[PDB]
Amino acid sequence: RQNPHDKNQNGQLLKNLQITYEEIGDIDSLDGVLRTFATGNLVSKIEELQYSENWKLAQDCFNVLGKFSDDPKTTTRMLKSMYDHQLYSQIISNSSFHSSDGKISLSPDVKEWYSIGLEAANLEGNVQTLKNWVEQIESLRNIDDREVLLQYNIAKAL
Amino acid sequence: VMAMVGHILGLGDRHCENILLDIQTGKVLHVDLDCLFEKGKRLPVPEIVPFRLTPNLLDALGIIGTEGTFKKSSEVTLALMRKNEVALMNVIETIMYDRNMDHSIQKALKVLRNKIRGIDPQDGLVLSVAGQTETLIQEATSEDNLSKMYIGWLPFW
Amino acid sequence: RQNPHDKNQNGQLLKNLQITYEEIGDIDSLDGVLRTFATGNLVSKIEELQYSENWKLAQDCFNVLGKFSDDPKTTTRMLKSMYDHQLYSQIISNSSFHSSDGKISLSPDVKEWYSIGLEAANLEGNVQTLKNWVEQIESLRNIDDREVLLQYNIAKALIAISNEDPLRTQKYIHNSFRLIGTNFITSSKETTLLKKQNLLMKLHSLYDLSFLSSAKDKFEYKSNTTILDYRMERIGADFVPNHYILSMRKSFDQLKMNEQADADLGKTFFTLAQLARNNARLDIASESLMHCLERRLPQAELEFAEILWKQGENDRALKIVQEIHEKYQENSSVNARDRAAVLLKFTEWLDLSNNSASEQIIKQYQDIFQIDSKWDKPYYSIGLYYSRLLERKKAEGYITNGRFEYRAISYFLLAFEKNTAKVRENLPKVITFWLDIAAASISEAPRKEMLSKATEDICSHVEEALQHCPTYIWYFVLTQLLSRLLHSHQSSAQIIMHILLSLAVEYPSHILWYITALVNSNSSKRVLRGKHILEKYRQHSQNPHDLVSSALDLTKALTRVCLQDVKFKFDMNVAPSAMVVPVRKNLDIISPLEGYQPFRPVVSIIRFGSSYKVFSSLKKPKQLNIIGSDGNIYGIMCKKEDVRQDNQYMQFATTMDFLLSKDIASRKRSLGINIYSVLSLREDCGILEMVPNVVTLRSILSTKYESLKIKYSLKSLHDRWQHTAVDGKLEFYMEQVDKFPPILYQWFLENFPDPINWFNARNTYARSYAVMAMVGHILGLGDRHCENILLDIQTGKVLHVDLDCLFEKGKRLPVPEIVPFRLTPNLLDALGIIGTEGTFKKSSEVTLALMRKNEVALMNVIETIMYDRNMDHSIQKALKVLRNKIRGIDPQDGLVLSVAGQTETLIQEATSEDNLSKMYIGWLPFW
Ligand SMILES: Nc1ncnc2c1ncn2[C@@H]1O[C@H](COP(=O)(O)OP(=O)(O)NP(=O)(O)O)[C@@H](O)[C@H]1O
Ligand SMILES: [Mg+2]
Ligand SMILES: [Mg+2]
Ligand SMILES: [Mg+2]
Ligand SMILES: [Mg+2]
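Residue numbers (the deposited numbering), protein chains in the order written: chain A, 1422 to 1579; chain B, 2212 to 2368; chain C, 1422 to 1867, 1870 to 1990, 2004 to 2030, 2036 to 2368.
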């Protein structure tokens, strides 16, 4: 409000504004923020689907946006949209982890992937895909991540 | 919710001494409610708003204004009133035996039934919940309407 | 049937019986076989889902049945259920193949897996998962499988076509042609085209790879793509081959990394998307359209709006389509259609969304008309809008004004002059609005003077439209023009005479039959107008012949050969004539598409037949013959009954079957009804057409009961029934049905010993009987005794021919006809093993749903009964009962019942033996 909002400062203000609603528990303002003064990209019109009962229409749109291999965050958007809708068996069967059998090396943003992939593997009880998973985790060097190690310890407990 | 629970009952008379807010949690209550059944249109410079939606209240709803929790909760309210037309009309049948024998009470109950089911009061046929919501909002915040009504219900505040 | 089926031999008989339906092309008996006498296992109730629009509910049930690892066939059931529903990317990503990276050894049943896994890998163009796949194939020893090697060779052709090697992929596609030309291909002139189509789609996907590989530059590659898009027009409109061929062009264009190939590839993804959203399969339309956003087409913003509209959510689709509409307040973005069609779609599913008042839609309807006015689909849309809003106000307490019909007619008549392809289903809605407010302006004209001003100039709209619209389009409402002439208006009476003058100048010879029956009545008013319509005809310029006087010479002869009851060989040289034959292959209109001639070519009368025939009924009408211009014996039936009732039945039939040929719930199942051009001549007489190759099922049952030497009677048969009391009817009926075994299931054998013709003939029988089975009941047909269920030997259609009583008149006689329709134990097992729970029930439900969806048009067609027979009150009660039967109200305890509910009600009161005992032995039920 203190900004004159009629100008074009509403590009850098919004990409973290939706962050401050999508985990606050409120949805009906987030869906109201997305459909007002933010109608440039069509991907913004796609992400309104995943909160309004047609979420699986946005899932398989994200799955083929997720097979473009251009950005790492458009992959973790797919993974978080799976995890928010309890598609755990579809998370552990994702090809973004399984290169052939194992996974990639030390993790700048990949740990946010592993945090999901551990957790769904805890929720799908299957000792082989849970056992080779922490076989791949323990090849790492220095797991800095606060979130990975919880689901890791639950996995080795299982 | 009460923004068109009152309008369906034809509340009116919504001047600023009757929109009471509680300091504890921020609920909204309406207290005067002497006129119902759109009686506020039957007086000089008549109240032709559906409900007091007024530019202090719009940005009070947030940045996005009326296109937010207000609109979605309005749609949920109108859908729940359409789903329960028979019970709500059955509750309000007792107006016809509190005040017994009027014919204006019959016209009021028929207009009430059409407002519950979602018929637009001009060119009367059934409109959707999102359609009825957009109609009532875009005729409540319409400045050509908000210029007209009496300064007892002072709109510019 | 020859087995006593009541015992427990129906365990080993069924597990291959479903195999003999699930690839025969038929579904509605397979779904009928599964839900009858097979209700033990729940997995059998699960497999009914994968054919009834909830297939993805059965998919993920099969996926977790498919992770039990107990049987190999419950895995290939999952794989075939994926492949039948085009989930190719889900097939190649299956864990049943990928143990870790590779696959298992030599294949007893695993080859049936690989046959799928190759094939989906051909349809998902991805060189790595296609290359390691045939790396795993070529580790094998001796691939015996006839099916694996085709998709293998297509796979290695695709791998070579990614490596930019033209002669190598030509070599492997020629290997694929060798394998199909020897092994997969079978004999023609025995099988259908339905089973050959599964191989023709693979051949059409093999040719275009050789046609796109043989190109060294983009200059001929663009021409190759236009040739293939030309080859995408002979393909038809079924989803499976369309998706298969476009999937193979997709798989070509993303293995060959040319930039022109990528520009082709975006086009193929957009065509897959708009293909799949028209076939109610938007599960893959979205994940094909999202490829067009990485290419960033400026057309995907509307395609995602159509996907959102087909999904179900309306408001977000409206928001994105108005977002791209106010994006069209920017630069050029061609003004003719790409702006007007976007705004038209916005208005059309703003109407459908029910999210606006009327004037908000009209204020941009006129904006559509401002931005483009040489294109009549917006005028069609606004005509449908007013001719929908008139009912949506008329459903409440709204009374007759004129403006909502004034604007409706003013946009319909302006619409018809441009593309004339929506005339059959809208012009009857026009000229019933032309003659409702006109009669209301006579009934109580002294405010409602507005409709008096409205009827002042909709007549002016008809006059100003007739001078520059085509002529033939009035013929569709011709009998409705033949009725309502006695309208008592005196300003539209001149125009309805002018509309027969104008229709008699151009194309006379068809309508001259109607215009000579027009100057014929007992009430001397139709004939008085018949001189006026024929005084001015010869006053017009083109009078090629004395065909009016010879037309009356045919007419008075044909109406005097119905009085001469004998219980003669008159005038003969009237034929030949330029007058054309009364057969229904003269008098229809060819389907208006976008210079054509509106008729089949003239097959005129040449030699009137001499040896007539009279039939053996109580009231005896008589059959003549015609030799036409080709020399075909065209049968002609002259009855001494008012067939003006029978024409409106037939116009109901011809507005019913052309709706049946448009619904995808019916065109997938190929519904239809028989039809024949019936014409009146005068009251209590008429002519009607003879469908050839037909037989009564009295004649079918007479020659099969006597072939089994079953001794029965016809006069001693019904007096015993007459002497029975109210209690003995049931025992008499049960004794008579134990007398005659049902035998109609082998008359179809004796006509069609070729079993494929037998199977198609029985399906055509069940479906064609199923539609008219309650098209007659809704019209209240009755009188359906065995001399009136006519079957054709050629293909097995069912026609109903007597139809003298309609509007449930058959209940108004002693021992009344209280069946809905003749469903009778010869006919039940004639429908198949499962009886009425099969194609009969499903096609019945489709028929009733299509009649409920089109209540207004069908009632509008049958409104002309009220002006054929003018002033009855029983006609009003008949029309109200007809409306309630159309909408689906049960005639006892009247309230609205579902389509499956109304179907089960009519069937379980038609086959009810307590009802079938009651009715008279003229309609003898035990046969
Ligand atoms: N369009 C047609 N195609 C073939 N046969 C037909 C056709 N119309 C009538 N028929 C024949 O005409 C016979 C009966 O004609 P119909 O119109 O019923 O006169 P009818 O005297 O009323 N017979 P009915 O009412 O049963 O006593 C049928 O059994 C058919 O053989
Ligand atoms: Mg007060
Ligand atoms: Mg007060
Ligand atoms: Mg008959
Ligand atoms: Mg008869």
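Hint data in this document are derived by calculation from the structure and do not stem from the laboratory.
Warning: the hint list may mix true and false statements.
[Claimed, not checked] Counterexamples of contact, computed for chain A against chain B with all Cβ distances above 10 Å: (1) 1447; (2) 1457; (3) 1533; (4) 1553.
[To be verified] Interface residues of chain C toward chain B, partial, derived using beta-carbon atoms under 10 Å: (5) 1733; (6) 1736; (7) 1774; (8) 1777; (9) 1810.
The C-beta atom is built at its ideal place from N, Cα and C for all residues, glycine as well.
*Numbers of unmet hints, in rising order*: 1, 2, 5
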